[PDB]
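Listed next as structure tokens is one chain, alone, in the form deposited without the ligand.
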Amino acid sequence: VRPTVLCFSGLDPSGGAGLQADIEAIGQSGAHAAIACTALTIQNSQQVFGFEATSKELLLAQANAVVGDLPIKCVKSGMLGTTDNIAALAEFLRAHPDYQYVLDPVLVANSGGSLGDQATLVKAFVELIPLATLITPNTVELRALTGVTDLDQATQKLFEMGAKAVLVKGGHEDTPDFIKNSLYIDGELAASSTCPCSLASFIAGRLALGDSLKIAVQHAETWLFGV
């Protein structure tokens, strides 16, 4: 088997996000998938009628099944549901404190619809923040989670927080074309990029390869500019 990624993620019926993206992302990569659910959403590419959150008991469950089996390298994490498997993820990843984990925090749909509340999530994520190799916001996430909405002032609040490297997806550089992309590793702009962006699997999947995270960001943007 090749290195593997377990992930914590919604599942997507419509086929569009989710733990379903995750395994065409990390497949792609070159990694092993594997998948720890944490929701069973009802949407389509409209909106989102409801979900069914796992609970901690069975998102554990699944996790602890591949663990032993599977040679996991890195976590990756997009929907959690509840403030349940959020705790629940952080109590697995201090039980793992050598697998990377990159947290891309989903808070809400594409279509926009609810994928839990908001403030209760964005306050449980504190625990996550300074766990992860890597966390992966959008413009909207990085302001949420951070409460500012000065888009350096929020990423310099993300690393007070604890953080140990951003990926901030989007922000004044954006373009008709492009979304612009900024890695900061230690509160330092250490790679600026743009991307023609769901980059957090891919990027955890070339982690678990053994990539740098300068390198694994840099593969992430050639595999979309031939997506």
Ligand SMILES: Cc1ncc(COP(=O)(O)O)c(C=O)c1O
The other form holds:
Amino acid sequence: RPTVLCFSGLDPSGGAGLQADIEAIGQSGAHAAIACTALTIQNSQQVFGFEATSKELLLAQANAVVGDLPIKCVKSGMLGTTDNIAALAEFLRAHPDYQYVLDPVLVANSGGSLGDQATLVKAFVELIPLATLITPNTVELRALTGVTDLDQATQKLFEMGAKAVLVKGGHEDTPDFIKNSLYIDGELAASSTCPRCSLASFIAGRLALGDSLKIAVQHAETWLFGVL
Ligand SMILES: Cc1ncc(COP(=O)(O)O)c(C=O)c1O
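Form deposited without the ligand done, so how does the form solved in complex with the ligand look?
Next comes the full complex, this chain leading.
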């Protein structure tokens, strides 16, 4: 059972964060390991605050997993601080053989703060070229690039060094479905939907199990359509 190591925050209410990573990775067929980036204080309605994990304790968790478990993929969600973004980049550069799924979490779904967005956007520059796949929703895509046109923003992310981008949402969305577009090396590789879209951890698990990107993304949609 290949392992996905998740650099993710803890949401006590269990709606998001490393709990959702654990659930998705288990359903993908892989094993989840966790390097907790923050203990948040939040529920479905608001974020009250959070205590970011120090860079030292973050790397200590990650390094405890290294050597014990067969890490094949890293996934990141909430990182909280620019220190933790830098620590993850340091970790990834020490392990270029790991695949990496970057979910560029800038805000909570409730709207509450999971860190200062402007400085997080600037710090994410370092992680963009390291990712096997970046999974921005349309808000995250625009924030990372400073570009409001989705097509132009996607291309800008590739100019910034992205290798593959799964854009969640776009001009093809409807009340029943969010449309996802998988781009590889700047070119549209697969155009799909998703009934509703938190795909990064499930995709990471499928990548850990040896799937190609296209097959992993397809499995993730089948998983969500199976919930429906
Ligand atoms: C701690 C935390 N991580 C991540 C997310 C969103 O990413 P997922 O719910 O896919 O982990 C949220 C909420 O939006 C969150 O509060």
